[PDB]
Amino acid sequence: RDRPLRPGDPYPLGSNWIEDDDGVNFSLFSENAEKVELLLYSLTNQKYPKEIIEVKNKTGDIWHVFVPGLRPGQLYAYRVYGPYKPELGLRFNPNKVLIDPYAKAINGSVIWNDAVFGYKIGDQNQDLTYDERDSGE
Amino acid sequence: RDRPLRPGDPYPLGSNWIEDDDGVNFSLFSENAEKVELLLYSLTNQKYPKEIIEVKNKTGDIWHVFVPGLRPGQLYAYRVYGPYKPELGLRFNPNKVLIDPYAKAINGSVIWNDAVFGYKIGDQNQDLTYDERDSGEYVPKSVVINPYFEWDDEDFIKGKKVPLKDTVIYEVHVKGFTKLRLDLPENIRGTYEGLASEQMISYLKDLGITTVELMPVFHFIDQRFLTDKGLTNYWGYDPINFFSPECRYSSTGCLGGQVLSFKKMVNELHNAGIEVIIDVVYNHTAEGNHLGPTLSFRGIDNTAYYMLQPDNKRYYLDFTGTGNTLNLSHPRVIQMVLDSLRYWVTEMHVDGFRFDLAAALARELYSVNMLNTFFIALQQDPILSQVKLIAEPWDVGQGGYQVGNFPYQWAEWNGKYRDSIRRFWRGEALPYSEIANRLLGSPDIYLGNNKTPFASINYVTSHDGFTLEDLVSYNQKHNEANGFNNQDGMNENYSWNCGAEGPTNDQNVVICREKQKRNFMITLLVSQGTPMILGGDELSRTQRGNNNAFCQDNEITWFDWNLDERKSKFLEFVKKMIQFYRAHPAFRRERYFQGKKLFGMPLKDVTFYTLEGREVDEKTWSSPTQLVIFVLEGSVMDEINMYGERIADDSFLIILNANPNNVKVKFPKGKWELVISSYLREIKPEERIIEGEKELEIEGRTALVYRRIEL
Amino acid sequence: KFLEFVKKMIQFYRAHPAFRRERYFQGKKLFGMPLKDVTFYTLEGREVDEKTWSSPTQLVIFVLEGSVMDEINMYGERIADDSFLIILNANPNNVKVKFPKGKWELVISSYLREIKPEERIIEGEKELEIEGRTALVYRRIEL
Amino acid sequence: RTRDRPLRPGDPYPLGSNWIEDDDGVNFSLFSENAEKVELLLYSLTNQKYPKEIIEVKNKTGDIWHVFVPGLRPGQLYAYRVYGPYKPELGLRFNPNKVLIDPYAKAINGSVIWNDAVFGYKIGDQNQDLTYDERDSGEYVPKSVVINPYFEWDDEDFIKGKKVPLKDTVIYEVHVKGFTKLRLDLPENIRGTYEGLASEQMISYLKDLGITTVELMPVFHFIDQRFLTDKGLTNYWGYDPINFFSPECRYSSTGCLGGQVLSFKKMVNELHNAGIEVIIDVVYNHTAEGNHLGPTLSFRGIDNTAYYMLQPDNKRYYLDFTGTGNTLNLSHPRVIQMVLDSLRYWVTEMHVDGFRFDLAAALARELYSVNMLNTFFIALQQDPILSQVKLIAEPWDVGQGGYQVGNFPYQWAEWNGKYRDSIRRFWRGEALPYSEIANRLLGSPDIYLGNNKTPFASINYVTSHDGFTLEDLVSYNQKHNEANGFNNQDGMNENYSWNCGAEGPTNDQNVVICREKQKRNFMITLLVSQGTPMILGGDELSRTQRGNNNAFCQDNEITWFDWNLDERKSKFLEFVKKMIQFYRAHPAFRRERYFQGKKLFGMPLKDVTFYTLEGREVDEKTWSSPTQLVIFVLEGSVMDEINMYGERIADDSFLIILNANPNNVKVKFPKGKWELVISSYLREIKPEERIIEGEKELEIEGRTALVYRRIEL
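Residue numbers (the UniProt record's numbering), protein chains in the order written: chain A, 8 to 144; chain B, 8 to 718; chain C, 576 to 718; chain D, 6 to 718.
Chain A extracted, bound-state conformation:
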């Protein structure tokens, strides 16, 4: 896939700087996700990703990948693909950028905007709808 990667380990959860291998290991739990995407940003630009990596290895109910060259300080986020069936509790929305549950540091806070909701705020059918705005910035 025309960039260097490694399968990585499912443990430990979260992102881990592996000094001896010059890279970071990314691990994330989701037993219902159909697909997962890792997002890497740069200091200067934190609105849009500088690169998108599809986490293809999954050991059990844990997705993971090892990215060569990343170091501590790397800004990142996830996009999780899945079924959107609110009536069933399935609320996946890959348009919405997510925070790593095992993040050891989060850079800043939330900038409120109707786009960080997953459903169309004003819409009549509320939490049943499917807002497609990018929440990234």
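Hints in this document: simulated from the structure, not taken from any laboratory.
Idealized CB from N, CA, C, for every residue including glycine.
Any given hint might turn out to be false.
To be verified - Computed, partial: chain B to chain C, Cβ under 10 angstroms:
id, residue
1, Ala590
2, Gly607
3, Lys611
4, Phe637
5, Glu640
6, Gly641
7, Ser642
8, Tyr650
9, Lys673
As the list claims (entries may be wrong) - Here are some chain A residues pointing at chain C (derived, C-beta under 8 angstroms):
id, residue
10, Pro11
11, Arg13
12, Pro14
13, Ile25
Chain A is already provided as a structure; the job is to place chains B, C and D on it using the hints.
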């Protein structure tokens, strides 16, 4: 003698702070000197010595003395007494202050003056005369350093290091790399500390290069002829010492700050997993031929350090084109160089060396022997036999072209690759076999002497000649700026300005240019062998057509980090191409493709096709061509990793159409998916996937990489 | 003598990634290659079909294509191996299996007697007689 | 196809086999630039005749073959088979039937079992070396053993700091076997072994004797030449190896599966904890494979044209400058590496302190000529590690133009044979030019002062393993080597000796006295000469080889050290102790610079003065005229001697009188009051001999050595 001294030890050579004895040990080789004097200076006064000590103990051909009370930071120099008989090569002149050949730090540079010559400059009898002026106040001083320095976590990258097959060399200049970087504080730009700044390391990591090749960092001198014409020595291929980091690339002074800055820089790079290769000059010295200055070697032991013309010895044998050649057949000279290499490795933690005019190091008198004492000791040294060795496989003397001949552990700059690949995309039609061999690692050159694809350092551009941007923007050199009336620099650059000399607004010409830059990059990063990238090309660096900017310490060479959309967009192309290279073992092989079916598989590891679609045959293989087409079968490669496992990769179809005209190539069996191209326009739907060996039209000067997704 | 057979068999296992996989064979062509990672044949030599796949048997024959495996080592490299033809004849009677395309070289068997010359290499999909209760492993050396 | 057993490409470096603990396996590396194919052989303890497995080394990086075998551990027995062209007329002598020993083996399990099958050519066949013998040599050739290099040198870190200076040295040449074989003092299973040599009892002995360094005879794994075996003998000395990295298996008290390397390390470790240096005698010039017609054990089979110096115009034959059949090709990159790799190994790994090179000159042979500036010597001189240890040479080989005394590089001490001869002849009665004797006594400046060398370069000795012992040097007029079975054809014919009046053992007390007084004359001369003294181990014990001056094949009582001392032997042992003690106490005999023969530092006395019988300073003619009497005065207070602290060193003023003349003589003492301190006299010294005042004359019996100390002037 009415001051405290000790006999001291002859080893190690140079000055050494011996903490436990509260003093410094001074050791200096000269088998011809009749007397030696040590000079100690103070910070405040560096014109005249604050004390003179006569080194009286001599063990063998080495003079030495221990001075109680001296500490690191001590400024010093030597005066060497001996016979002055130019006609015999004996050029001693105690009036001239010398630099310790084993100095680990030199405080400042030379202040040109007729007094640093040893012979009377204007005098009619030139190098035969004997100038008695003191050179002291114009010659930099040697500095006693403190070798201590703690490498944090750095002892770690000392284990398994960046393999030879997965390498990507980045050639940079310590100065130009960050001088014009208003991102860093304005006092570390163009310095060691700057090159390893967090901002720059992030850049290197993002670009994806594995190793950096710093240009010369051995303390050097600006030739007087550059000074006397307002110029300076920018590259640095002309040293006077082989142990001290250049004083001018130091952000923290030259009283030892240069050695400290350098170590931290290497330490920083290693903590980011980046290798460091330094460009080294061991063939010649900044003292030039006769008529040249008398700074270090000439004055210490001329007949030992330099190759002198047998029948005269007054004159110097020159195989470097710089005035003199180092005598690598003398025991002590051999030791010095080997001592230098080991120093830079164990002490400065360097990972490898790229030897300038390497061939000149195998010169034993008038002939060239690749089995000379120097190379033999190098090959057996416990430490040096573990680092990377790269060579310019030639010098400028007769019989100096030594491509392929270099010992086992070397790689060589593959100039043949540079030329052929340069001419192919220019339009010139070379024998299919010639182009193919280059792309496949040049087995015709190295497979004969049991060498592997690694021996080949493929490059399309380097500090020598044009830059990548200029290689497609000029039909000829523009080196007026050097003040040699455009007499310097290569005359044949195998280039083409795409329709206009220099900068243009003719979009049709800019497009040709942008597509070519991509044609070279795709070819480089898709060839068997180790690719070397000329630092700056990703930034579209330009030297305004100057193909010999060795004396240009300015905007002609400084890296320009101000990127427009065009330049910025090419920078992204280089990143993704380098990423592609690193992701596929098929282009980073340790062994050559055999051109046949392997492991009972029904496919050849590599196949070369022709326009209509049939395997290249006898005649078509040796007939000129402007089109190359081959298929690498990643699943039938004789590639084994260090764990005994056979490695596999995708199957690629590479199409390089150098023909200025369009062509309709008939794809080989299978369903192919487009993945890389030099096209600037948007790719058409019928180009993304080619199935059932149909024909596809390919505009002239276009490079394409397809991946088989079904067969 | 059986102790030595176990040693060499264990050695064979350890030398081939094709029998130490981390992922299952999919039963299809991968990476644009023209071969299925695994194929099951029948006595006469044709790929197992719908009914023959669910019908009782005393003979199993499959070919593992070591060069088209979805196997990745911890370094992200795709691993490759030889192509093996395994023939397990549990049938008490002899049988004449017709080898699949290619030139195969015998490498392992349960035979105690000495192997005959015409058994060491089978070429051009010829038939080879196999005594009942016999296990054989062939390696493709040409195709 | 291929290997349905697990393997890895492995690394070409380092050469030899290496246990890589973290990868659970062994890495095998072997050089051969002419081999067409290579096979690794693994054996088991129980069966060492036939391999338990054969592995074809398929990876080759450059001219080096290599492979990594998972699962192997230290202790693994192994060997090689090398395939290649067999064209004797061209020097190509490959024979895969012959099992080979790893040139980089760190331990070899056992020795060779002679048999016509270890030759590569058909022994009886008419066309000799040109033929090709196809017999398996496996069951007659010892196996290479993968060793585990870890060994915790307790202390030892410490004696790695400032070591035994060159000027204060006293070399003791011993044989690991003979040194303790006949020592019923130690348990009967460490006698004649490494462990024994470093036993508490033996270390106490060395310490009491006062020697600083020990020089062990060859310890590189060697082979007993077939011609010794076929005649009931054996190779005792060991100057004929097949490997340059393994300690000899027969000197090991703990087996040969690695026990030899372990025993050796502990031995060195023990010696260093007692402050004793260890110098090993090394043979790098020739191999135990001999010329053609010789066996094909290791090098010949691995890459003959690379390892050995072959006659240019033939190559079927071997150039021999060692007198042993072949000469190692020290001009080949890999061969040079091997030797350098060997030295570094023995230094950093076995903690050796120095080396004494046998037939050193042969190492500077570049084809037919001798170059002391050859690649080997240059790399040696610049090596960070090797340039820190002691280097001693036999400054000659047996080839034409092989006498290289004085010519050896700066780091090098040389065995001073000229000293041995002259000093030997002087006490024999022969009259040599006063200048000749004096030069020897003063460090031989005429030899080394020219090439900027110092007195240290001179290793003075009167006796060594070569030729007679000290006891025999004064008990035989000629050699008695019948015991070697060469019809007394071997060994030096000129020994410059004299039996004092009777060939062999005697009861003639008048002859025994002559003998005892001579032994003392040699010892006083040795330990009173400028330069470094070397003592032949055993002489303090009055060792005797019954007149055999070439006991190289005598592994018995002829050479074993005899520790049963009578009063005579015991009394001479005490004389040697006190003489060695005298040497070590006076800087005047352990100088770093030569005496100039003039007044220094404004003092009114010459650092050294040579007198004549009547008492006047030696002059022009008397200095070059033959003499049997030497008399000089060393002025210890006017010496140009500086210690490492910049201080000028001082010593007593000695008057040395060496009267080799068989007759008595009346020497007239120089100005001052002298006190007797040392002499070869066995009788009790007379009162008028203890102190000589006012330049009177004193009578000195023939063959007498005396050392006086000025106590007033």
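Evaluation of the provided hints:
1. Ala590: holds (8 angstroms)
2. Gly607: holds (4 angstroms)
3. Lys611: With a minimum Cβ separation of about 12 angstroms from chain C (threshold 10 angstroms), the hint on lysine 611 (chain B) is violated.
4. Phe637: Status violated, d = 16 angstroms.
5. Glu640: holds (9 angstroms)
6. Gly641: holds (8 angstroms)
7. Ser642: At about 4 angstroms, which falls below the 10 angstroms cut-off, the nearest Cβ of chain C leaves the hint on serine 642 (chain B) intact, so it holds.
8. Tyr650: holds (7 angstroms)
9. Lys673: Result: violated, 18 angstroms to nearest chain C Cβ.
10. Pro11: Since the shortest Cβ distance to chain C is 7 angstroms, the answer is holds.
11. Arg13: holds (4 angstroms)
12. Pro14: Result: holds, 6 angstroms to nearest chain C Cβ.
13. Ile25: Cβ of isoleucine 25 (chain A) sits 12 angstroms from chain C, so the hint is violated.
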